[PDB]
Amino acid sequence: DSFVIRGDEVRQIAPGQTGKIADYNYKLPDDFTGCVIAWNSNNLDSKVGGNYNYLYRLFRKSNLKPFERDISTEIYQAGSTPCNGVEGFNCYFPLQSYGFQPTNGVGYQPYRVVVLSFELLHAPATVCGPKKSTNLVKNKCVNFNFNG
Amino acid sequence: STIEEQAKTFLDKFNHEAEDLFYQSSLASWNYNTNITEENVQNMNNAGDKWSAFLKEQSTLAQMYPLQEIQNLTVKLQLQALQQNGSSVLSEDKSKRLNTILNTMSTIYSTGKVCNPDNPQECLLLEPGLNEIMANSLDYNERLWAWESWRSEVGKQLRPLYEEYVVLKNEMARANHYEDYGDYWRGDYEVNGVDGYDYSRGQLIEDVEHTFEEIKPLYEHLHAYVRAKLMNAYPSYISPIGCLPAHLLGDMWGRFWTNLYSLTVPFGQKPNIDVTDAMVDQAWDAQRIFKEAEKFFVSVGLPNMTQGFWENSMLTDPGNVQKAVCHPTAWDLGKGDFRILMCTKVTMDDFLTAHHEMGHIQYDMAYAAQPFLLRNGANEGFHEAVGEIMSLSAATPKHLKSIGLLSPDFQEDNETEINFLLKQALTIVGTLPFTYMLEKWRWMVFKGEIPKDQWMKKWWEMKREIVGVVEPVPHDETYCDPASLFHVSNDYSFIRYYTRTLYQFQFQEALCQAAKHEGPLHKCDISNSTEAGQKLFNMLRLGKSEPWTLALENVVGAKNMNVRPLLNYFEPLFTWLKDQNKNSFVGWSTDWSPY
Ligand SMILES: *[C@@H]1O[C@H](CO)[C@@H](O[C@@H]2O[C@H](CO)[C@@H](O)[C@H](O)[C@H]2NC(C)=O)[C@H](O)[C@H]1NC(C)=O
Ligand SMILES: *[C@@H]1O[C@H](CO)[C@@H](O[C@@H]2O[C@H](CO)[C@@H](O)[C@H](O)[C@H]2NC(C)=O)[C@H](O)[C@H]1NC(C)=O
Ligand SMILES: *[C@@H]1O[C@H](CO)[C@@H](O)[C@H](O)[C@H]1NC(C)=O
Ligand SMILES: *[C@@H]1O[C@H](CO)[C@@H](O)[C@H](O)[C@H]1NC(C)=O
Ligand SMILES: *[C@@H]1O[C@H](CO)[C@@H](O)[C@H](O)[C@H]1NC(C)=O
Ligand SMILES: *[C@@H]1O[C@H](CO)[C@@H](O)[C@H](O)[C@H]1NC(C)=O
Numbered sequence: 001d002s003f004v005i006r007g008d009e010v011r012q013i014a015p016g017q018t019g020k021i022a023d024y025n026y027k028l029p030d031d032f033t034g035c036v037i038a039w040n041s042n043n044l045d046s047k048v049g050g051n052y053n054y055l056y057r058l059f060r061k062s063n064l065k066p067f068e069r070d071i072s073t074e075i076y077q078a079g080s081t082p083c084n085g086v087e088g089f090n091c092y093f094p095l096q097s098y099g100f101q102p103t104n105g106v107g108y109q110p111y112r113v114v115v116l117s118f119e120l121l122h123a124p125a126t127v128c129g130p131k132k133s134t135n136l137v138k139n140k141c142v143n144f145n146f147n148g
Numbered sequence: 001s002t003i004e005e006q007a008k009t010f011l012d013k014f015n016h017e018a019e020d021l022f023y024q025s026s027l028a029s030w031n032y033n034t035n036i037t038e039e040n041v042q043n044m045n046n047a048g049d050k051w052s053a054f055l056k057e058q059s060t061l062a063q064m065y066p067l068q069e070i071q072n073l074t075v076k077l078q079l080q081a082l083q084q085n086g087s088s089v090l091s092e093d094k095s096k097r098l099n100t101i102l103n104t105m106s107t108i109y110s111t112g113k114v115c116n117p118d119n120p121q122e123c124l125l126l127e128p129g130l131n132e133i134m135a136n137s138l139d140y141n142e143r144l145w146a147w148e149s150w151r152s153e154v155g156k157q158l159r160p161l162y163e164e165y166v167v168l169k170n171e172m173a174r175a176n177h178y179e180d181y182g183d184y185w186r187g188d189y190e191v192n193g194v195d196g197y198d199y200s201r202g203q204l205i206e207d208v209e210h211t212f213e214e215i216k217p218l219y220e221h222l223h224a225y226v227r228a229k230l231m232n233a234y235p236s237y238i239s240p241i242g243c244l245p246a247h248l249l250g251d252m253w254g255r256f257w258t259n260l261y262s263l264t265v266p267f268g269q270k271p272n273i274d275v276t277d278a279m280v281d282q283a284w285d286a287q288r289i290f291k292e293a294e295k296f297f298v299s300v301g302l303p304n305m306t307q308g309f310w311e312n313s314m315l316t317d318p319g320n321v322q323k324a325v326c327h328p329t330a331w332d333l334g335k336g337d338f339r340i341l342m343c344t345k346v347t348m349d350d351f352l353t354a355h356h357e358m359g360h361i362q363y364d365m366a367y368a369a370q371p372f373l374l375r376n377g378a379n380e381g382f383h384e385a386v387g388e389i390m391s392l393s394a395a396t397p398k399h400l401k402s403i404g405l406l407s408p409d410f411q412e413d414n415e416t417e418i419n420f421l422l423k424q425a426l427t428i429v430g431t432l433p434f435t436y437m438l439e440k441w442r443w444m445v446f447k448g449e450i451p452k453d454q455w456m457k458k459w460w461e462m463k464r465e466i467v468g469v470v471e472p473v474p475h476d477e478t479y480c481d482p483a484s485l486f487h488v489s490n491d492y493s494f495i496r497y498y499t500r501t502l503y504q505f506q507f508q509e510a511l512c513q514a515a516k517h518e519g520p521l522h523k524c525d526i527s528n529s530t531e532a533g534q535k536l537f538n539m540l541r542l543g544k545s546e547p548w549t550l551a552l553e554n555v556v557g558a559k560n561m562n563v564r565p566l567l568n569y570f571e572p573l574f575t576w577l578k579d580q581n582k583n584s585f586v587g588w589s590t591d592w593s594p595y
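Residue numbers (this note's numbering), protein chains in the order written: chain A, 1 to 148; chain B, 1 to 595.
None of these hints come from the bench; they were simulated from the model. Where a beta carbon is used, it is the ideal one built from N, C-alpha and C, also for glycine.
In silico DSS-like cross-links for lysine-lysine, where the CA-CA straight-line distance does not exceed 27 Å: (1) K47/A x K20/A; (2) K76/B x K20/A; (3) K65/A x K13/B.
Non-contacting residues of chain B with respect to chain A, defined by C-beta distances greater than 10 Å in every case (computed): (4) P66; (5) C115; (6) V191; (7) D525; (8) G587.
Now the stretches of chain B that chain A is said to cover, found in silico as 3 or more residues with beta-carbon under 8 Å: (9) 21-30; (10) 297-310; (11) 334-344.
Pulled out of the complex, with its shape left as it was, chain B reads as follows:
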């Protein structure tokens, strides 16, 4: 008779119908990805349209239920997650215009070509040409030309599209009782109705700024070291006082500094830990890789894999007759079925990727004990963190020598340790200031603190002040440089990467402290630690039913994210960088420019 009973009945009906509907949709998507043809695409499109129509109908039906009269936290969270009427509050014409803008931006970013000025008969594409030039090429002029072409041929075409997209998103957010679109994105981190575990929206920004201010010295030392190393390859291109150029960061946008490992290697006389030869001489295969991963996961304390996972997944390339996408993705069918789509080859990188995918599948099976609206992680960065902690624990030399890949007589030299720490730094922390700057710029452009005639101006100001990157040539208001990224041109959040970067180190420190292991954090192994496995499963079981702060306090002991694990993980690397930067000038100055 009460509203709560009707809400529970509606939630049961939804968990009955939408479960099977999403299961059929995921089966269609799996048949399309594992078999590209003209019928699977139509089946997947029909399934997606039916699923979207069903979600719209269920949301319009649930909107007639008040949220203030519900006293159950689970029912309230499910109703809040179900009543998300984002793309339906605006007018039909405005919605069609926003969809057209999204589609044309996606087509411009994907189908974006640029031709050489001296060879008009052959043009260069993004993936084969631009990434190759920004990664494996060392010529200053070639990289500068490629960066300028990528920022001009695509950036200028997206200026009015982005100017209309930001306004449409702000209007949609104001229609959904939000302040701005950045506020709508931060609302995913908002949790209410629990005493002591509440988390506002500005508190997220405050915590991110505090963590960035605490991690600033390590990034400054790393940037100084990278600049000192790059001054050798570029004698008259980079100054020892100014910031690094934008097209000399090993990436099209300067996000990841992994490609700069060949130039910033601490000790080039000792090669990195590579077990590829030891893996190919022992007659390994993808099946053996997944078996060893399952053995590791069951030694940690997690259950085995389902029989369907072994009798239905495609762990190897089918061949040339059947076409499939070779992108590692974790598939959650919903009805107790879990598969992995990955063209797994014999490689240590593929080994870590398989461990990451198996950790994703383990998290899926862990939260599968909850309703459909709750079958998800506590936040948009928990899944990636749980995968990355396993990928890091599997890449330790102790685990490699215990499996059988690394020889037991191999000694642990500190030079290889410093090289591995520098690689991990360049691949993890190198994108944290860029992520923070991009997220703050998007938040301030959605809230309205940045005038329309100062977008790129303030963007470059922040990229030179906050980050150690300076633009080579001046770009006026027509070169929309920020819109040249995939996550910004396809309506995807970016703070999730910073959150998962914090969460992975927090989880690593927690599981290493619970494993009764002493020494460095990067050389910590949790393979035969059942206590850490149980403590992690206690958090993976909560899923989305409990707030993320409670899950954190259950897994690490704190209700707020901290950057101290990240600093403790690179403490020997921090000491080495401080010892190697005695004569170098730590920091950067915003007055220098390559103009």
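Excised from the complex, chain A in its bound form:
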């Protein structure tokens, strides 16, 4: 799962964490088994004048389930007045764009974070780790292990 997040909210993508991104954009389960990887990308995702190509869901009626997407663009009705598909009082847009400038300090710079989720089911294991191989030896009493 690859996506761009702000620097001051990188630790929100973790089992047992809250906030604005961990509740309305992307939430990890409490029993998540995997590794979180993130790196700074200020040299690519930042441009002079403001990089407004990345957005985030700021307002939502409820929290997201673990591993759930939400591409809805409905106007968030924050009050009792029904929003007629237009913005205004108690009617705000759920998606807000990030401000990525090259002069931002640590915390506000774009940080590309990827999530590697490991799943184990009844199906046979297809992805494993690289099995190392050693050199051969002849005319010596040596234990061997080829496949099993």
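For chain A, the structure is supplied; the task is to place chain B with the ligands on it using the hints.
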């Protein structure tokens, strides 16, 4: 569904949009100040207009939210700070007239020239001529002529402008549910909704008057000493009983008495602590100065500076091809970016100024952990106090000899100590009675206790009774002398200086007591004191989210400002002045006049 949830949603939307908008506006302002041209000015003007329009729209949108139904202190404070519809409650014509009055007063104060009566072909300007004459000149007639010209050529032109400005400000304050414009200014010190930490508006005046009455003896002794010293340079111009003249205070308005150090020096045989030579022989630079300041701040217990602060700030003059303003200012971009604009040269004064700016940046980074409406100090005098305490702790001889500027074999003589204490007095406490008198005069002229035909009369009465300053020549109702100051002719408060003067000494005493240091307060160092650093960061983190009384109680242990630290800071100087004023007459009499 509730109003609180809608208010929180609106506050989140504001903290999302206004953050980026103010960041762009600050970037434009930085590009304009660091590079003066015809495009940067237009960009900054467009950014400022957009920011003002956005603030107006957000205020008009937030005005539809009741303030009595909110139970959260943070949301209530943010709504109160956002719904400040000051310049919009009046009519359009009245607002345009007030803006025109402000602009014409600013142009009169800035573009104000005065020509000599004998040389009409060459006139004198404020900054190059008037300040130079009031500072480095000693002739009585020349200073008197300069003061009279400054009070006549500019004071008389601002009389109807000020008469209309005070009325417009009173009307604006009454439209905003206030008593007067002075009440509107004091409302910044008002905090409600917290049990025990409440602070009314008249309580500020009462505390200021109490602190002034408690500090009056020290200022009286200092004024007596200054008068006794000036009687030598002026044998038949100043009386040993009357007050000091207005044009013999080393300042155009008599605010700062720093320029009188060359005449009121206690011991002229020993020079002041000046490490300029020791700084230029060791091959120093502005970069090394900022590195040493960062080392001091990280030894106190504060985090380092951001990488952007070192890779984006202009700590040195760019040259003659690029023009920039050489005024030390602290820039808070908002999105984790912090820079300093200062033409830092190799000088001890520049060293203290860099320490002050770095303290400002540290306070900015400390309160940056709060929303945009709360990203500010607890009051209008906390930032300057946090800067000045660092500037004073960096100017101590112990810190200078620990850095490497001062030689370790240099002994601490009491004559240099008395000279430094007298300099600090003349540069800090010399403006406190003037500040109090000006603030009280403005409060009484905004409330309406002073009739329009007695403004300057009561002004001079207070300046002769409260302060030890008497006017040389009589000025009638056409010489608007109070309006000759920058802070009064540009709609700026003045009690903030007294508040920060109290707060700096309070913070110094608190951090010195927390550092387990004994001896005098002026020779106290908090460089290697992590406890004081943590105790100060506990107050810098609150910012504007918590009331200023709670911040004070957290940093010094009291919810009210006190002048006792100021008296304890100058206790040896007080004893020396009392010992040197055995034969001199302490005090002043209001019956004497140079007429
Ligand atoms: C006012 O609302 C803020 C939320 O904006 C509350 O701050 C929360 O406080 C709790 C408990 O200290 C924390 O667990 C939350 O993380 C805070 N939310 C933040 C920082 O966004 C605050 O407590 C509220 N005020 C009162 C008096 O309840
Ligand atoms: C604060 O601590 C620092 C580090 O311990 C002190 O710096 C040392 O001071 C001694 C005494 O002169 C020198 O011999 C060392 O060489 C200094 N260390 C370094 C890295 O230069 C410092 O003196 C202490 N006090 C103050 C006021 O900073
Ligand atoms: C300052 O502005 C001028 C005019 O746009 C430009 O030519 C120059 O490169 C700028 N200087 C810097 C240091 O950016
Ligand atoms: C200004 O704000 C106050 C409350 O803060 C409100 O009562 C008043 O109506 C506002 N002024 C205008 C002209 O709407
Ligand atoms: C500041 O920098 C110094 C050296 O560059 C380092 O020893 C210290 O740990 C830093 N302090 C921080 C990162 O808070
Ligand atoms: C300074 O100290 C010396 C020696 O202790 C003493 O003679 C002198 O009177 C002192 N001066 C003051 C102003 O205390």
